[PDB]
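In structure tokens, the next block holds one chain alone, the form deposited in one PDB entry.
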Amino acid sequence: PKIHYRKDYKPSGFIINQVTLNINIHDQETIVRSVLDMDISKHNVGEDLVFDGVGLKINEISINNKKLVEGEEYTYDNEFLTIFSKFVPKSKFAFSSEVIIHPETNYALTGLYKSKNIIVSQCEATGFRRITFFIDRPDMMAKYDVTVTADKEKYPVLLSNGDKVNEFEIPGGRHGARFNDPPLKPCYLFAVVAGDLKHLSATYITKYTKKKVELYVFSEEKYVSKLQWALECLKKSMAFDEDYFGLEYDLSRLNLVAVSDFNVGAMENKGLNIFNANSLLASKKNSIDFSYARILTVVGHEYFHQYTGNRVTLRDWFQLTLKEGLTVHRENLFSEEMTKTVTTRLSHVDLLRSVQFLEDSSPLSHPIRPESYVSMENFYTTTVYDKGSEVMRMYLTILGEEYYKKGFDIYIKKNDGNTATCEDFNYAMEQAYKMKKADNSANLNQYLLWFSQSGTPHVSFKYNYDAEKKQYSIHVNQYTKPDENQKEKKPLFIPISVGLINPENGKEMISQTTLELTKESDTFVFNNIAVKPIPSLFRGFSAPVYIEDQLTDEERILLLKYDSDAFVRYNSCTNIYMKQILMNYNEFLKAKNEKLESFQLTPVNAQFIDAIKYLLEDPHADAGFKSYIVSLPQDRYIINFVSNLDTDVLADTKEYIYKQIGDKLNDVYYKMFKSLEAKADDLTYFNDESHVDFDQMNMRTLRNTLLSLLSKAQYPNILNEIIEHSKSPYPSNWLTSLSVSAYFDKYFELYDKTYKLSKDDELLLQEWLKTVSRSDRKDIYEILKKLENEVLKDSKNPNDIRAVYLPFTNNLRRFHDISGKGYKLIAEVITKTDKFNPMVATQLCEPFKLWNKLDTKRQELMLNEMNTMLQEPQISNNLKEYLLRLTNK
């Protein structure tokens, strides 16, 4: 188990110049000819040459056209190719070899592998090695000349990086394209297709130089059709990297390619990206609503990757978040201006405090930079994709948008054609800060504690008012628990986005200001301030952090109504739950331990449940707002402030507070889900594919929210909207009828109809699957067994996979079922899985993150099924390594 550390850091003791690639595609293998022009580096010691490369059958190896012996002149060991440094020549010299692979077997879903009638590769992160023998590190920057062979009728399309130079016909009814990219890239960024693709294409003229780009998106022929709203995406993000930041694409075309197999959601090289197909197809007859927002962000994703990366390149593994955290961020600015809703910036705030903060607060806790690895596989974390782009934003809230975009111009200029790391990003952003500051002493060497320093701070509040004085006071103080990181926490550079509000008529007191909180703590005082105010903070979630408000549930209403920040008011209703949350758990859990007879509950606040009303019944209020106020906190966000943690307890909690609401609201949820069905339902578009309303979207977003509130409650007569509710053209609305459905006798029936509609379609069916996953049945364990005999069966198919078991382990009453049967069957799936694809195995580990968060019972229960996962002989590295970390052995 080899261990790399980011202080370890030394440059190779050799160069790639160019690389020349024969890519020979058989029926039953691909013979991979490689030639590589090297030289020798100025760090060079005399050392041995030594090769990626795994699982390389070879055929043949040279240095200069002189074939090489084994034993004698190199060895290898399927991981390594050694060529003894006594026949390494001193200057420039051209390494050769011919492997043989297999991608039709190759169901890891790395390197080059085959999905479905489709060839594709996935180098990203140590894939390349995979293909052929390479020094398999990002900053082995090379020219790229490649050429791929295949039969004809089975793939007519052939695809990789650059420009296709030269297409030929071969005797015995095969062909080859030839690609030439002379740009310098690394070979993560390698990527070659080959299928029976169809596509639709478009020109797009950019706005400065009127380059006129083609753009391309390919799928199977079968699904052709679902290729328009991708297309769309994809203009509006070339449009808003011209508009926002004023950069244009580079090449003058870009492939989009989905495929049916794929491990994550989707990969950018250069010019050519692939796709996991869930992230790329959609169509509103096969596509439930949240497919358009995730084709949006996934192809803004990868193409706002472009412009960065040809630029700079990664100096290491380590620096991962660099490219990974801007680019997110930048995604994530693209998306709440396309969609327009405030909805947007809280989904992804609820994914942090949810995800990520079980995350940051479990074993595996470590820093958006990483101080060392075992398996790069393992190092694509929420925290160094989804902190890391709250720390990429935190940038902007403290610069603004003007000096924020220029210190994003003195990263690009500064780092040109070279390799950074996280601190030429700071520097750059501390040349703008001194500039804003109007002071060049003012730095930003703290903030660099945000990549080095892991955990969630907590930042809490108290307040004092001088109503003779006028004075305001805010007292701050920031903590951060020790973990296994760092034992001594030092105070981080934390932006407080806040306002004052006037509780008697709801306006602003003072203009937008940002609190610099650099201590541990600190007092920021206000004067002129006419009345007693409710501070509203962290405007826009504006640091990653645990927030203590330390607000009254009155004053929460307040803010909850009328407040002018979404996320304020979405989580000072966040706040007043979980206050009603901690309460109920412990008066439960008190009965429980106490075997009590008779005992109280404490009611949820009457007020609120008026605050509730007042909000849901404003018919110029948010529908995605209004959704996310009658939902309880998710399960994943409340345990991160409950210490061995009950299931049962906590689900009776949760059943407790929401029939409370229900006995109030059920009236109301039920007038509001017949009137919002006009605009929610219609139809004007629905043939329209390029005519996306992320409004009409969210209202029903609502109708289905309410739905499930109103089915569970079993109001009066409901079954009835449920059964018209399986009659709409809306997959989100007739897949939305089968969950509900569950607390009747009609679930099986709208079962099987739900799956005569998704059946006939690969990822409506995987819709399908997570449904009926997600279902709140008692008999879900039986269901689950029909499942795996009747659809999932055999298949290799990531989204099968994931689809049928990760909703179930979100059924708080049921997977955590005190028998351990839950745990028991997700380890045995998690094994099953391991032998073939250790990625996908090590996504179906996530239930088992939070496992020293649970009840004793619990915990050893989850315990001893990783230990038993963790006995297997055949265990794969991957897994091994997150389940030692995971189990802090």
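We call the rigid core the largest set of C-alpha positions that still match within 1.5 Å between the two forms. Numbering follows the first chain given and starts at 1. What changes on going to the form deposited in another entry:
- Measuring CA movement between the two forms with the rigid core aligned, the set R311, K405, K116, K664 has one residue at 2 Å or more: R311.
Given the form deposited in one PDB entry above, what does the protein look like in the form deposited in another entry?
We keep it simple here and write out only the one chain, dropping partners and molecules.
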């Protein structure tokens, strides 16, 4: 197993200047002919010429049109083609090859493969070498001239990067198209697509240059009507990069293509972005609400890569967060502006503090720029993406919008058309910092530790107020726990956005203030503070840290009611729940351990329940925010706070707390459920494909959250409401009716009804599968067996497999059944999937990420399944690397 180290980066001894490809797609094979116009670089030391090439069948290879002899002049071991140096020219030369590949049977969905009746490539990170020989690394920039040929009836639409410069007929029912893309690019941005694609299109005129850009969105014919929202999202994305960043699209055309089989959400190939269908296609009749924000996010993300990833490119894969963290941050600014709802930012924070904080306290913990890797595929992580996005967002918080925009334009102007590293970005921000601080000695050297240091910092507080002096002090400490990456952790540059709330009237007592904590601890003093304030800390979640606010629940309730910042209100509610959860968890755990015949539980704070009611009853308050306050923190957030977490005891703890609150508020929930109906389910714009109302969708989220609370509670006659809800035209509502009917004898009746509604739309059926998978059913193992036998069968579609199994793994009571049967089931699926798709097999490992945080019996059971998986003789390199790291082996 080869380990790549960040510190070992060295430019290649070779240059590839031009790629000329001929890709000939036939029924049983695809023939790839490639000529590489190459040169010797200044770094060359007379080494062998070694190409990446994985699973290629060689027909022939040549240098300067002289055929090379296998064994004497080259060897090939199905991974590397080695041409011995004595046969390599010492100046400009042509390398040519013809290989055979088999997209029909490429179920790993990397390289060139067949998705239903579409041929499509996926080259990031290491898939171009599965198509032809190359030095397959992102600093090998080249020009591409690509011809694709195929059966015309089967494959009438042919696409690759750049301009279509020729189209031609070929004898025997074939045709070809030539695409020339003269600007340099790395090979992972190469793409090709062939199929019977249908489209929608539009023309966009850029803001400044007034260039006409043709926009095309493509899918299979059956679903082409679902493409309209994606086209609107693409127009929105273009406008936002223009408006916020002053950045226009530089090419004549941009194509988006949906395919059914895709390992992730989408890919930013230059001018030819390729999408999982579930992240491009939607309709009001056949999609749940979540599709609309997903498509906005994923179209936005791939569009923003055209600058941050495609125009400014990566030197090497260790810089991945430089394109991903920066592009996720750009998409977050975009979606926040488009949705104009506070729940957009809260949803990103909710994901970070659950999924990413778990990763960062697990054996898999890494910094956003890792020091080493074995498998490139394994470091497309929530750390690199989502913590990287928060590190990219902290520059904006530190600099403010004006100087942030100045520093970003510095980065773009200086690095456009070139490779770059994380240092290049920090340098550009530093130049703006100097400007902002009016101080050419100011620097961001300490900021670089955000790239190199793993683990989540903990930030804690103490306060003091002197009433006679009108002087308030906030004493702040930061600590990062040592881990396997750094024995000694250093203090970070942590920006702490703060307000001070007057508890008598709820008003702001200071203007906008961002504390710059740069030491292990500091004390920030405020004068002319007329009354003791309640501090509003880390507004907007201003650093990706564990916040220990040291506030009383009375203070947190006042912030929840009266603070101006949505994150601090949401966090203050989170913190009240966490205090309760840890207390009741310990009371239940002691009762279990001590085998008590009777014991007491600490009730939920009554003034907190009153504050929830107060907010729920406020007609002026936000529906999406309301849905967060009635929901306990995610299980994966909670687990970061409990050692040896007994999942049964946590399930009992959550049940008690929800029942305490429902026992007081169910009549309120019911009344809101009914009163929200008219606006939440308004059909006025149901047949307007472009009219998308994120507040209305949040009203449905609140209704569907309330209906789940009422259903679990067996609120009187709520089944009537459930049955009526199953008749709604919105899939968010009628799939919710399946979910919440789990508590009633009508479950399988709704199972059949909603299946019939879902079965004729590929993506809707996947959403139905997810709904069944996450159903709170005592017979869920029997239900999953039925899904396997009746619907999933032997599908190799990643969306199918993820839909059936991943939601179930979040079932706290049942996935973690003490027999280990849930662990056994998911391990069987992982090993089965690994035979044909290692990347999706590794995704299916996600529930094991918390293994060493559970109680000791469940730790043992999970570890046993991971060791069983590790002992499979046919295990992929990707799955083996991942499980060796996760098990500290």
